[PDB]
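Asks: If you want the building blocks of each chain, they are given just below.
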Amino acid sequence: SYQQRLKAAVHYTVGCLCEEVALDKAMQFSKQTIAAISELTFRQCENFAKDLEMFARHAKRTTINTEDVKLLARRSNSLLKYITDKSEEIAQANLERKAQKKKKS
Amino acid sequence: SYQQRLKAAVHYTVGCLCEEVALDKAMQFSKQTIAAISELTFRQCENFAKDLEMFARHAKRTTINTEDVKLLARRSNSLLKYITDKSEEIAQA
Amino acid sequence: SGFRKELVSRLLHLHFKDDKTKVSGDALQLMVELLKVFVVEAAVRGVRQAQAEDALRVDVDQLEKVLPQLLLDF
Amino acid sequence: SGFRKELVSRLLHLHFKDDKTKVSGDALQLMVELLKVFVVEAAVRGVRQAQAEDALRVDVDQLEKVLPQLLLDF
DNA sequence: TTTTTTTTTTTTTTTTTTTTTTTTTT
DNA sequence: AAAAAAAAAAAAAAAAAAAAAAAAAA
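Protein sequences appear in the order of chains I, J, N and M. The first sequence begins at 14 in PDB author numbering and counts up by one. The second sequence begins at 14 in PDB author numbering and counts up by one. The third sequence begins at 8 in PDB author numbering and counts up by one. The fourth sequence begins at 8 in PDB author numbering and counts up by one.
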């Protein structure tokens, strides 16, 4: 079904990420651990999604934005720092978009 | 100290509640289990408090309301149903 | 048999960062109910663990085995 | 190497209660980054657990030992 | 000097553009 | 699995319509 294939796609990506950690840390992950992380990640998306939608809704928006996500990642301070960094970078990638488009000025 | 008294009050109530469960199910709890639940409850309150305050503040309110609490209890579905029912009941008073 | 409202109020006020913070009466009532559910879940889950491992009573070993999932659930 | 934006979009839309909800591009980008951090944390924490108990590889037992705190952190 | 007409100057409404977010197809 | 188009909403300019200032009479 639809969600089965979404789980498989998550498992694939989780496998790649865990492979990178494994190669970096020189310690193997069992196939079972990879599968467990994939399952947890899929399940965690349900909680993320509902919360994000409530945060957006809460501020009378239909589109979830960066502030909602940063709010979601509030829980560990190392995490919060990481995310904000990434956002400004992503915005910097956005500037390039302005450079691409022709400017009347 | 202040926190010691609060923990004792929590322990007393936890003891009450566990005693009620024990008498209902006809199985005893050790004194250590009672104490550990009281300790866990006290520690859990730190997490609950900070989250509730962030939920309220995140909506630009200074007073935490029932919606923040129901949001907090979002995690198990039987618990969420339980909570909503109780909210309507309290409102009936 | 459960928590008094005044008790739950004192417990929470111990931990607020902003001393401005107050708690509405209805919110306080719901918290009294929530704390009962937390304690009873811990107790009931411990009993199930003790039963499952065929122990004579609920001991700290069983409680400890039930804590991880309890905490995720709260 | 991490999540595609389109993948994360589909995963979230599976679960929205209100079908009206959409995801802005910047928000979507941050979520891609956040999910990577989640997965890498799980992996890295599992490796630390396996090392700590002197295991030859990161098995499910170690992962399970690392889940409780991971979940509290997210 | 006052009160509406004619040219320039201003105003709001519709239509079309111009971007933003998600989904399809090879 | 990636890239571009299709779908939908947003935003800007062009067209239309009225009044003020300046001119012209009674």
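Please keep in mind that the hints were generated in silico from the structure rather than gathered at the bench. Idealized CB from N, CA, C, for every residue including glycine. One or more of the hints may lead you astray.
[What the hints assert, rightly or not] These stretches of chain I come out as covered by chain M in the derived footprint (C-beta under 8 angstroms, 3 or more residues):
1) 16-25
2) 39-53
3) 109-116
[Unchecked claim] What follows is a set of in silico ranges between Cβ atoms, one per label pair, in the way DEER data are often shown:
4) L21(M) x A21(J): 23 to 29 angstroms
5) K38(J) x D26(M): 41 to 47 angstroms
6) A106(I) x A62(M): 16 to 22 angstroms
7) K111(I) x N60(J): 23 to 29 angstroms
8) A21(J) x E32(I): 49 to 55 angstroms
9) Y15(J) x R18(I): 51 to 57 angstroms
10) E102(J) x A21(I): 21 to 27 angstroms
11) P75(M) x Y95(I): 19 to 25 angstroms
[Stated by the list, open to error] Straight-line alpha carbon distances no greater than 16 angstroms define the calculated EDC-like cross-link-like pairs of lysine to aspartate or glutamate that follow:
12) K38(J) x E48(N)
13) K94(J) x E40(N)
14) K43(M) x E13(M)
15) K38(I) x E48(M)
16) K20(I) x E59(I)
17) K94(J) x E80(J)
18) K29(M) x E102(I)
19) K24(N) x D64(J)
20) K99(I) x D68(M)
Asks: Work down the list of hints and note, for each, if the structure agrees.
Replies: Against the structure, the hints:
Against chain M, the segment 16-25 of chain I contributes 4 residues with a C-beta closer than 8 angstroms to a partner C-beta. That satisfies the three-residue criterion, and the hint holds. Chain M is given as covering the segment 39-53 of chain I, and this holds because 9 residues of the stretch bring a CB closer than 8 angstroms to a CB of that chain, at least three being needed. A count of 0 residues in the segment 109-116 of chain I with a Cβ less than 8 angstroms from any Cβ of chain M is obtained; the coverage claim is therefore unmet, three being the minimum. A hinted range of 23 to 29 angstroms is violated for the C-beta pair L21(M) and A21(J), which are about 47 angstroms apart.
Between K38(J) and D26(M) the beta carbon distance is about 44 angstroms. The supplied range of 41 to 47 angstroms therefore holds. In this structure the hint that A106(I) and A62(M) lie 16 to 22 angstroms apart at CB is violated, the actual value being about 40 angstroms. Checked against the hint of 23 to 29 angstroms, the C-beta distance between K111(I) and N60(J) comes to roughly 43 angstroms, which is inconsistent with it. Between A21(J) and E32(I) the C-beta distance comes to about 52 angstroms, which sits within the given range of 49 to 55 angstroms.
A beta carbon spacing of about 55 angstroms between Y15(J) and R18(I) agrees with the range 51 to 57 angstroms that was offered as a hint. The hinted window of 21 to 27 angstroms between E102(J) and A21(I) is violated, with their beta carbons roughly 45 angstroms apart. At roughly 22 angstroms, the beta carbons of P75(M) and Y95(I) sit within the given window of 19 to 25 angstroms. Between the alpha carbons of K38(J) and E48(N) the distance comes to roughly 13 angstroms, so the proposed pair stays at or under 16 angstroms and holds.
Using a Cα cut-off of 16 angstroms, the hinted pair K94(J) and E40(N) holds, with the two alpha carbons roughly 13 angstroms apart. With a CA separation close to 15 angstroms, the supplied pair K43(M) and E13(M) stays within the 16 angstroms bound. Only pairs whose Cα atoms come within 16 angstroms are accepted, and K38(I) paired with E48(M) is accepted, the gap being roughly 13 angstroms. Under the criterion of a C-alpha separation no larger than 16 angstroms, the hint pairing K20(I) with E59(I) is consistent with the structure, at around 12 angstroms.
As the CA atoms of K94(J) and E80(J) are separated by approximately 13 angstroms, the hinted pair is consistent with the 16 angstroms bound. Between the alpha carbons of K29(M) and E102(I) the distance comes to roughly 23 angstroms, so the proposed pair goes past 16 angstroms and is violated. A distance of roughly 12 angstroms separates the Cα atoms of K24(N) and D64(J); the hinted pair therefore holds under the 16 angstroms criterion. Annotation: proposed proximity of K99(I) to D68(M) is violated, straight-line Cα distance about 33 angstroms (limit 16 angstroms).
In this structure, the earlier hints numbered 3, 4, 6, 7, 10, 18, 20 are contradicted, and the remaining ones agree with it.
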